[PDB]
Amino acid sequence: XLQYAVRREX
Amino acid sequence: XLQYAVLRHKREX
Amino acid sequence: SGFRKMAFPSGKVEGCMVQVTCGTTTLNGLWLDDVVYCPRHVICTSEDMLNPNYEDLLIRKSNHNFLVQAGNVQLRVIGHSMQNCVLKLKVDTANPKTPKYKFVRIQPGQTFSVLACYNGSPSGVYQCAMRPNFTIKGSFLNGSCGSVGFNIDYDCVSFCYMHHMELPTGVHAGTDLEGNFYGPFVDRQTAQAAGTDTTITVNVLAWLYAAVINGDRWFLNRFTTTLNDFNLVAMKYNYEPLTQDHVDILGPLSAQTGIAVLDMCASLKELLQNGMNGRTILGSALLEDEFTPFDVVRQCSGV
Amino acid sequence: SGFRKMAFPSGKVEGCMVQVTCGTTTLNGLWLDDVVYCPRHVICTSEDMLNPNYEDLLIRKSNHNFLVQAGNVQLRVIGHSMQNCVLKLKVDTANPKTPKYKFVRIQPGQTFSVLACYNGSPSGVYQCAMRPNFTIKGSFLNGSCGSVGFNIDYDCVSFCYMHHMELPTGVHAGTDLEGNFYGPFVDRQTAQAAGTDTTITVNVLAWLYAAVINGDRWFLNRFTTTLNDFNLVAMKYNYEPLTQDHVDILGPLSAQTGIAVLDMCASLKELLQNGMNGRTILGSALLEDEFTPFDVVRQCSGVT
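Protein chains in written order, with the deposited numbering: chain Y, 1 to 6, 11 to 14; chain Z, 1 to 11, 13 to 14; chain A, 1 to 303; chain B, 1 to 304.
It is worth saying that the hints were derived from the structure and are not from the lab. Treat the hints with caution; some may be incorrect.
Said to hold, decoys possible - Quick list of simulated restraints, FRET-style, between CB atoms: (1) A:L67 <-> B:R188: 56 to 64 Å; (2) B:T224 <-> A:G71: 47 to 55 Å; (3) B:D229 <-> A:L67: 55 to 63 Å.
Stated by the list, open to error - Only pairs whose alpha carbons sit at most 27 Å apart, straight line, appear in this in silico DSSO-like list of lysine-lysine: (4) B:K102 <-> B:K90; (5) B:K97 <-> A:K100; (6) A:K12 <-> B:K97; (7) B:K12 <-> A:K100; (8) A:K97 <-> B:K97; (9) B:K102 <-> A:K12; (10) B:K90 <-> B:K12.
Even for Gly, the Cβ is constructed at its ideal location relative to N, Cα and C.
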């Protein structure tokens with residue numbers, strides 16, 4: 001879901 | 001082989 | 001001899017990786033000369049990143065909100081201009097370690113190396129392929145956005161890919177450094193669907209020539225076809241078409257193996273039709289299509 | 001969050017690669033603070049490598065026989081010293097790129113990134129594992145000798161390998177930078193065979209954990225094992241042993257996943273006996289042993 005900011013690995 | 005080298009040729014694989 | 005996923009030397013790029021922070025949002029960016037390129041979604045919050053229209057948000061100006069630290073150096077930003085889905089930031093110093101660099105748009109199947117970067121520092125380097133459905137299956141965690149994909153032709157570095165998102169299927173989607181997304185994806189925090197992906201026939205034929213060069217013969221047969229005959233059995237197996245342009249790109253590998261491109265097609269056609277028969281090729285029981293004909297030539301002839 | 005065969009960033013190591021020539025013999029060397037490491041056979045001639053006398057040949061040569069060029073600068077060589085089967089070439093000048101470094105004798109199964117160089121120039125980077133039979137299967141051509149293997153740990157570069165030869169079976173052998181060969185090999189130009197290779201067990205566990213991180217749970221089985229038990233089936237399938245210490249080595253990953261090692265052991269034990277059932281794991285039809293536990297962490301944490 002795009003790499004910032006979903011911190012808690014997506 | 002022994003993976004050396006020359007200066008101009010190949011002496013390979 | 002041997003073969004392997006052989007990525008380009010990363011160091012030359014290690015030099016053009018920085019950290020950009022817009023508010024408390026931080027991702028990587030590529031710094032060439034007096035200009036830093038990064039994804040346009042640093043400006044956002046979690047709250048903005050669901051349907052953001054970025055046009056207005058950058059006219060919400062403030063050059064001073066854009067923090068760049070390039071290791072020791074705290075880069076001052078002296079401009080803020082948006083080119084599609086990349087932000088290009090003017091900075092006070094020109095990267096002294098700037099190599100020769102081009103920007104190119106790759107066609108599906110073409111390969112690049114990726115420098116995985118987090119907070120302007122890199123954790124590792126791997127090689128990817130551009131999936132026919134314009135996706136890359138790489139290795140990216142949060143903070144990977146701004147990580148770059150590149151090829152080294154001789155002096156010049158080609159920058160082909162800038163990472164933006166992991167999709168629900170788990171693969172990746174990003175842009176050329178013009179912010180022109182590959183595929184049908186957008187800069188929004190929404191599940192997206194790639195399309196349908198297809199095995200890259202020219203790259204498989206590359207990898208089969210690769211096996212031959214390292215003395216694997218079990219798959220070879222005294223049969224041939226036409227391109228026509230091959231191209232039906234391709235369509236059937238969701239294998240890309242093979243054309244004359246594709247046939248021409250394999251010639252070096254034909255020349256160096258002495259097996260005509262159409263005969264190797266005969267070998268590929270029987271593999272498609274009967275399976276890999278319990279046996280491995282280059283230690284893989286799976287057909288591999290993430291090696292370009294060039295990359296075989298490169299790895300099997302240094303450079 | 002994928003999973004790829006990932007290498008360490010090379011730039012630090014690229015700055016220490018030299019071309020070393022003696023007569024018509026060309027190889028690669030590694031130049032760190034005033035000394036240049038390259039395999040001793042750089043001195044040897046074609047005909048001499050069949051039966052070389054290294055001590056004798058070094059007495060004959062003088063410092064002027066060794067021509068080391070880093071880029072466009074020649075290096076002046078003040079000394080010719082043999083360290084077992086590795087040459088140490090003293091120079092006047094010292095590499096300004098010399099990073100924090102150590103010379104480590106890794107164990108069979110330890111993975112490391114190999115920087116492949118020809119004429120002291122990088123041709124690229126890949127990851128290899130020290131086979132239990134003390135061979136490495138990488139991608140080595142002629143001109144490759146002296147290329148180096150390494151791990152990067154924070155600021156330090158831990159050099160583990162120098163490349164010497166490709167065996168008749170097509171695998172590759174080398175030494176530590178103290179010149180001590182890995183496995184039962186000598187630098188004669190004779191055919192030499194390794195042994196029978198084996199799968200690295202702790203590395204496979206690491207790989208199954210990596211799958212569980214990438215949403216693969218299908219291989220998980222809720223029965224249990226003993227180490228002794230599990231190991232006895234592993235020896236039947238020509239697998240390297242597991243040790244308690246391995247369990248502690250895997251503990252961190254056990255923490256993230258919440259699968260006790262022995263639970264993951266019990267899953268593997270079943271995969272060995274019954275085979276893989278035609279399923280795929282991380283996009284492999286085969287079990288993978290060339291990822292170390294730390295490799296799983298480092299790559300799926302983005303360690304630098």
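A quick look at each hint next to the structure:
no.	hint	result
1	A:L67 <-> B:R188: 56 to 64 Å	holds (60 Å)
2	B:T224 <-> A:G71: 47 to 55 Å	holds (50 Å)
3	B:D229 <-> A:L67: 55 to 63 Å	holds (56 Å)
4	B:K102 <-> B:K90	holds (18 Å)
5	B:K97 <-> A:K100	holds (21 Å)
6	A:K12 <-> B:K97	holds (14 Å)
7	B:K12 <-> A:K100	holds (20 Å)
8	A:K97 <-> B:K97	holds (14 Å)
9	B:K102 <-> A:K12	holds (24 Å)
10	B:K90 <-> B:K12	holds (21 Å)
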